[PDB]
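Quick setup: one chain, the form deposited in one PDB entry, written in structure tokens, and binding and motion questions come after.
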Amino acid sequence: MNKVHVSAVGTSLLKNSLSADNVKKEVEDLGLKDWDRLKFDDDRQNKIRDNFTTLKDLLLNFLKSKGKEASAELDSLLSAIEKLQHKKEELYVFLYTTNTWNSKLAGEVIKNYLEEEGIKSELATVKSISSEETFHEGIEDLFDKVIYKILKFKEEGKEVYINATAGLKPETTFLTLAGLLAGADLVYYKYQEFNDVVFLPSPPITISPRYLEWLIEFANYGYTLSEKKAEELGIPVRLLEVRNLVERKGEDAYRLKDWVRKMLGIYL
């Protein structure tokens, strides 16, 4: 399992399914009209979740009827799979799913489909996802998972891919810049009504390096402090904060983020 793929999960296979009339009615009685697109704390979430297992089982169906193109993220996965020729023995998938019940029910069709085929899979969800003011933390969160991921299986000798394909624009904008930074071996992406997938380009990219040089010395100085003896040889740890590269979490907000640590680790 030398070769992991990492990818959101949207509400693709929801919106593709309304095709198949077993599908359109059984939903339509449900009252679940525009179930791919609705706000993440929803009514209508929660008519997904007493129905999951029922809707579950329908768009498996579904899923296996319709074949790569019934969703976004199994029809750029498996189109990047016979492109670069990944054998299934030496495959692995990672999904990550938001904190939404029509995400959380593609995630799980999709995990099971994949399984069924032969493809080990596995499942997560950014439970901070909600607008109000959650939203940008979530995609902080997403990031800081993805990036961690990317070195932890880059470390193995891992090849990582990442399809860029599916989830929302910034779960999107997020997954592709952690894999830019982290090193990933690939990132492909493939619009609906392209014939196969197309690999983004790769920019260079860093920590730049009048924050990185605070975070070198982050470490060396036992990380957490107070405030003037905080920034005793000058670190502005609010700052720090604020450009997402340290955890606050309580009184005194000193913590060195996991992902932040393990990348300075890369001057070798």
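So that the term is clear: the rigid core is the largest set of C-alpha atoms that superpose within 1.5 Å between two forms. Numbering follows the first chain given and starts at 1. What changes on going to the form deposited in another entry:
Only one of 110, 162, 146, 77 has its C-alpha shifted by 2 Å or more between the two forms once the core is superposed, and that residue is 146. Core-superposed comparison between the two forms: the CA of residue 224 exceeds or equals a 2 Å shift. With a cut-off of 2 Å and the rigid core superposed, residue 87 has a Cα displacement that falls short of the cut-off between the two forms. Comparing the forms between the two forms, the C-alpha position of residue 214 differs by 2 angstroms or more, with the core used for superposition.
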Given for the second form:
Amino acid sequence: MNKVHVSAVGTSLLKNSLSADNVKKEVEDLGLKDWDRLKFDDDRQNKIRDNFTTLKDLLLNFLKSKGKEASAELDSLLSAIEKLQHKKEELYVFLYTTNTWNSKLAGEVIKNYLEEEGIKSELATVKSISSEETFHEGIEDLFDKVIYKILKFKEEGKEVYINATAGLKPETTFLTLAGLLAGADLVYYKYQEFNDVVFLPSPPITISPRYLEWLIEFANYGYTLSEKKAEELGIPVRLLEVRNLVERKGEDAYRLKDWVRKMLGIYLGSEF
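Would you mind generating the form deposited in another entry now that we have the form deposited in one PDB entry?
So it's only the chain below, everything else dropped.
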């Protein structure tokens, strides 16, 4: 399985499944009417947890009946595998989703469906982003659970394709940037609007060398610098601050931002 497709999982399957009578009745009876938009800590998440196996079977049968188009993930994945001429034996699909019951439900069903079509896959889960405060931990978790994995598949010699169709814009833009810095080969997207897969312009990128050097410098001195030290090292902290790379935590001090630390520790080395 030298060809990895990476895809977020959203809840489009949950929403589209409501067009089957048996699914609608079941969801209605369990009190799960807006199950595609539950918040992470809505109590109705527990109804999904409590009924997980039965809901999984129910969605799998719907999906078998109605075909790939019920899930934006399966639609784009199978179209792109078709366009790229990837054979089943050579494919591994890496899905990720928030660690919430409604998303895990859709992800597990997609994973099962791919497996019955003879495609190996896995489902990673990541922290919910539900606020500005949780945005940051969410990004760190995407590095840890997704970007790092991309990096490792590249070291194994695999080709990595990023399916940018599913997922909220800010998580997909992160996946695209950090995924390409991790060495992914190609980003693709399926428009519903004209039922075709396109390749987004996705050149191999790296961190600007001058900036990489300034960043590693911070890492050498703990993760903070005085302004005097920055100046002496010829580091324009003003510019790093504008680019959101450092923060002014100090009296005359600059600290490297957490996401930047996580990113260095993920990419160029795994030390301090």
